[PDB]
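A.B. asks: Make a model of the complete structure from these sequences and hints.
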Amino acid sequence: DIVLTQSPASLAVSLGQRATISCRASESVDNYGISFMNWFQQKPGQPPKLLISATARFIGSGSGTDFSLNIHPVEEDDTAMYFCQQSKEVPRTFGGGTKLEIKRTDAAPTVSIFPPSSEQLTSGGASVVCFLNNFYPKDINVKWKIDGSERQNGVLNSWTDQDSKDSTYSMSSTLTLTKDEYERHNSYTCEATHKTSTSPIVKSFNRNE
Amino acid sequence: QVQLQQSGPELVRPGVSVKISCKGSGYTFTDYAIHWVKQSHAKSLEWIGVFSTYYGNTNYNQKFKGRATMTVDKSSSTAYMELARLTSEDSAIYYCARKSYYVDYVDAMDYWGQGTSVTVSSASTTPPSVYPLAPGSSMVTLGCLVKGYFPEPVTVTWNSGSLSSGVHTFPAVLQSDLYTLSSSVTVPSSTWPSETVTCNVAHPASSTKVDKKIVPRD
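These protein sequence lines are chains L and H, in that order.
Note that the first sequence covers residues 1 to 27, 27A to 27D, 28 to 51, 60 to 213 in the deposited numbering.
Note that the second sequence covers residues 1 to 52, 52A, 53 to 82, 82A to 82C, 83 to 100, 100A to 100E, 101 to 128, 134 to 152, 154 to 155, 160 to 167, 169 to 178, 181 to 194, 197 to 198, 200 to 225 in the deposited numbering.
The reader is advised that the hints may include incorrect statements.
[What the hints assert, rightly or not] Negatives, chain H to chain L, calculated, CB over 12 Å:
#1 10
#2 11
#3 30
#4 72
#5 75
#6 82A
#7 100
#8 106
#9 164
[What the hints assert, rightly or not] Stretches of chain H that chain L covers, calculated by requiring three or more beta carbons in the stretch to come under 8 Å of a beta carbon on chain L:
#10 15-28
#11 112-126
#12 183-193
#13 200-207
For the record, the hints were derived by calculation from the structure and aren't laboratory data.
Using N, Cα and C, we set each Cβ at its ideal position, and we do this for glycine too.
C.D. replies: As structure tokens, then:
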């Protein structure tokens, strides 16, 4: 097969600036002056959408084995995965994708912590939920503390893709305990370390309140 | 408008086959071939093959080992793809796409179906438990925890879809053959609890719908 290698894996570009994404083919995808190369944009939850075929904000360039997609000017809704795809030979093949991130100003996460519902405790479980919403950049770490001691087991995290409107990220962290272990401790703390503050953001509750 | 409408999500046991459909509208279906594409995760698109709706000729990616069979019902403008002897490696979103030329002689995939999510698993269908997340007594953030269901998908809405801004519904996480997901909604503090906020959860696979009001803590 013709192998397509994209570079970089991800890039962050400011609004109005130029983004350049590379695709290298393992052999020529040209003949008769025609480049049999397409580009696709895939937004989360959506099918790929054809952007460019062969070689006005999206422009393809290149020849032989060397191709690139240029986006200019970059807009908020351009956050997406971008794929190259060759139609020079069967089987058709795709690159591994490049994530375009929109660079925006830093934004501190809005942190909210929730105790287990009475409904869940009745069935014998206890999930503590922490939402860390609308932050930028995407790098964040969440630490769970129980009575001041870090807890690692029972933590499950989920992240959103970058918001197509405000270019932020959100995260949900859930610490799941048994009702038995949960009722043996008093203080539960979601602790977030993010570029936006030197001190970690702390939200907590006490079970006995 | 050109539209390709695919069949719904499938949960299938290992070793069986699954047959998914792709119905075209808004164009002459037999004037365009149909591509099929597998997406096993966000950074993988793999071409399965291309089917001539007019002639019935097929060209397959050999990597599927002949396990894929492409057919058509011309009278209903519907293409089918059957994938046989399934394993967990076949769990993926499957797309159909129309073959067209935007540039002369260059095969492109120009309109795509919405995708069909196939889950290959022996695990049992299980309805979700829906837990409301209320804060104690600016903006207020409320939550909904949707726990212990299988398979995907669930749909979460707030106030039957009337609350759309300020919602974050997070990707589900699988553990021990059960999914958990959460959703938050942020609203003006003057609007809850003086007005009602409800989490609406639907789990089609278990034919379950649950509405849970977010009730202020007593």
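A.B. asks: Are all beta-carbon distances from residue 106(H) to chain L longer than 12 Å?
C.D. replies: violated (6 Å)
A.B. asks: Quick one: work out the minimum CB distance from residue 164(H) to chain L and report holds if it exceeds 12 Å, violated otherwise.
C.D. replies: holds (15 Å)
A.B. asks: Beyond 12 Å from chain L, beta-carbon-wise, is residue 10(H)?
C.D. replies: holds (17 Å)
A.B. asks: Would the non-interface assignment of residue 11(H) survive a Cβ cutoff of 12 Å against chain L?
C.D. replies: Its Cβ never comes within 12 Å of chain L, the nearest being 20 Å, so this holds.
A.B. asks: Does the stretch 112-126 of chain H contain three or more residues whose Cβ lies closer than 8 Å to a Cβ of chain L?
C.D. replies: holds (count 6)
A.B. asks: So residue 30(H) supposedly isn't at the interface. Is its beta-carbon more than 12 Å from every beta-carbon in chain L?
C.D. replies: At roughly 21 Å from the nearest Cβ of chain L, residue 30(H) sits farther out than 12 Å, so the non-interface label holds.
A.B. asks: Tell me whether the statement that chain L covers the stretch 200-207 of chain H is true, taking a Cβ distance below 8 Å and needing three residues at minimum.
C.D. replies: Coverage by chain L is violated for the stretch 200-207 of chain H (0 residues, Cβ < 8 Å).
A.B. asks: Within the stretch 183-193 of chain H, is the number of residues with a Cβ closer than 8 Å to a Cβ of chain L three or more?
C.D. replies: holds (count 5)
A.B. asks: Run the C-beta distances from residue 100(H) to all of chain L and say if the shortest one exceeds 12 Å.
C.D. replies: Residue 100(H) is in fact no farther than 12 Å from some Cβ atom of chain L, at 8 Å.
A.B. asks: Quick one: work out the minimum CB distance from residue 75(H) to chain L and report holds if it exceeds 12 Å, violated otherwise.
C.D. replies: holds (22 Å)
A.B. asks: Beyond 12 Å from chain L, beta-carbon-wise, is residue 72(H)?
C.D. replies: holds (22 Å)
A.B. asks: Say whether it holds or is violated: residue 82A(H) keeps its Cβ farther than 12 Å from all Cβ of chain L.
C.D. replies: holds (19 Å)
Taken one by one, the earlier hints fail for this structure at numbers 7, 8, 10, 13, listed in ascending order.
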